[PDB]
Amino acid sequence: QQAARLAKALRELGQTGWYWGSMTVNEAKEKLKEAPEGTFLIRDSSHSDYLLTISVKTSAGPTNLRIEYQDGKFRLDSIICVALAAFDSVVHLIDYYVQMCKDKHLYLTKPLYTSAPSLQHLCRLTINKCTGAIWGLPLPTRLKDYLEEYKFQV
Amino acid sequence: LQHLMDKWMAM
Amino acid sequence: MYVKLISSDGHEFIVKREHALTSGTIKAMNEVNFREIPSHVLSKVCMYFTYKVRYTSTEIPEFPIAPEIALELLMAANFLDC
Amino acid sequence: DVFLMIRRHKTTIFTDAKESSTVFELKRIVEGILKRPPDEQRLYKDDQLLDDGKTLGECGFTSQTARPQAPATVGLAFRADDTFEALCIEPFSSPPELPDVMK
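Chains as they are written, first to last, in the deposited numbering: chain A, 31 to 112, 115 to 136, 149 to 198; chain D, 4 to 14; chain C, 17 to 45, 58 to 84, 87 to 112; chain B, 2 to 104.
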C-alpha cells in the first residue's frame with residue numbers, strides 16, 4: 031500500500047492550491063523575501079534523495095526544509111530535525129504543524157497560493173475549521189462527499 | 004504529479 | 017458592461033459582467061434571478077467575484095467567511111460552479 | 002484602489018474607484034448605471050453627507066479599509082421631485098442558527 035498512499039498524498043497535494051511544482055530554490059527565496067513570518071509553500075525538491083521541500087519565511091529569511099518519505103510515512107528532514117511525528121498524508125503533516133502554532149516547534153501560518161482558490165474550496169476549508177462531523181451537517185449527500193474529499197483546515 | 008511518482012519509484 | 021443578479025428576497029446586486037462571468041452558471045446563461065439564494069449569501073458571492081478577479087503580484091490575501099453563512103455559501107458556490 | 006458597495010433600498014452596486022477620485026466622479030458612475038443625474042443624488046458614509054468636491058481619501062475610504070473581499074458601504078438617496086428622500090437601505094437577510102457541531 032506504499033505506492034497507493036503516496037498517490038493519495040499527491041492527489042491531496044494537487045488539491046491544496048499551494049503546491050508550486052518545479053519552483054527553484056532561488057525562485058522560492060525570491061517569492062518569500064518580503065512575505066510575513068510563517069508564510070509557506072510546498073515545491074519539488076531539487077535533491078536526488080528527497081521528493082518535496084517546504085519553503086517558509088523565518089524571522090531570518092526564507093528557508094527550505096526537505097520532507098522524507100520512508101516506510102510509507104512522511105516526516106520532516108531527520109538530518110535537520112530529530115519524537116519526529118510521522119504521517120500518511122503530507123497535507124496532514126502541514127496541517128498538524130499549522131495547528132501546533134495556534135496553541136504554543150515548526151512555525152507555519154499562512155500558505156502562499158499559486159492562484160485564487162475556488163469558492164467551493166474556501167467554504168470547505170471554513171467548515172473544516174468548525175467541525176469534523178461532516179455527516180451531521182444539514183447538507184445534501186453530494187456536498188458531504190465533496191467535504192469528505194478534503195478534510196484539512198489549510 | 005506522475006513525475007514525483009516515477010522519482011519515488013526510481014529511488 | 018454590468019449585469020444584475022437578484023436574490024431570493026429581491027435584493028438587486030449590480031456587478032461588472034467580467035466579474036460575474038467567474039460563475040460558469042452565469043457565463044452559460058441583462059438580469060438573472062436565482063430565487064434560491066438569499067442576499068446575505070449572494071452579496072458575499074459577489075465579493076468573491078471581486079476577490080477572484082483582482083488576484084488571478088500573486089500575494090493573494092485571505093478571503094474571510096463567517097461560520098454562520100458557510101454552509102449556505104458552499105451550496106451557492108456549488109450551484110454557481112465557482 | 003478602493004472597493005465600494007453603493008447601497009440604496011434593495012439595490013447594491015459593486016464597483017471600484019481610485020482613492021484619489023472625488024464624490025462627483027462616483028455620482029457620474031452611479032448616473033451611468035442607475036440613470037439619475039449627479040444633482041439628484043446624495044451619497045453618505047454612515048449619516049455623514051459627502052461633499053461633491055471632497056476626495057475619497059479625505060472621506061475615509063482607504064485601500065486598507067475597503068478591500069475586494071470587504072468593500073465599504075456608501076449610502077445613496079435620490080431627489081424625488083424637489084427634495085431628497087430619506088437615506089434608506091434595506092438590510093440583507095439573516096443567517097440561520099449554526100448547527101451545534103459547528104459550535
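For the record, the hints were derived by calculation from the structure and aren't laboratory data. Heads up, some of the hints might be wrong.
[What the hints assert, rightly or not] Straight-line C-alpha distance at most 30 Å; calculated DSSO-like pairs for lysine-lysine:
#1 C:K43 x B:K19
#2 C:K20 x B:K46
#3 B:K46 x B:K104
#4 B:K55 x A:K154
#5 C:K20 x A:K136
#6 B:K104 x C:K32
#7 A:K38 x A:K61
#8 B:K46 x A:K188
#9 B:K104 x A:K61
#10 A:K154 x B:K104
Enumerated hints in conflict with the structure, sorted upward: Numbers 3, 4, 5, 6, 8 and 9 - these are the hints that the structure violates, sorted from lowest upward.
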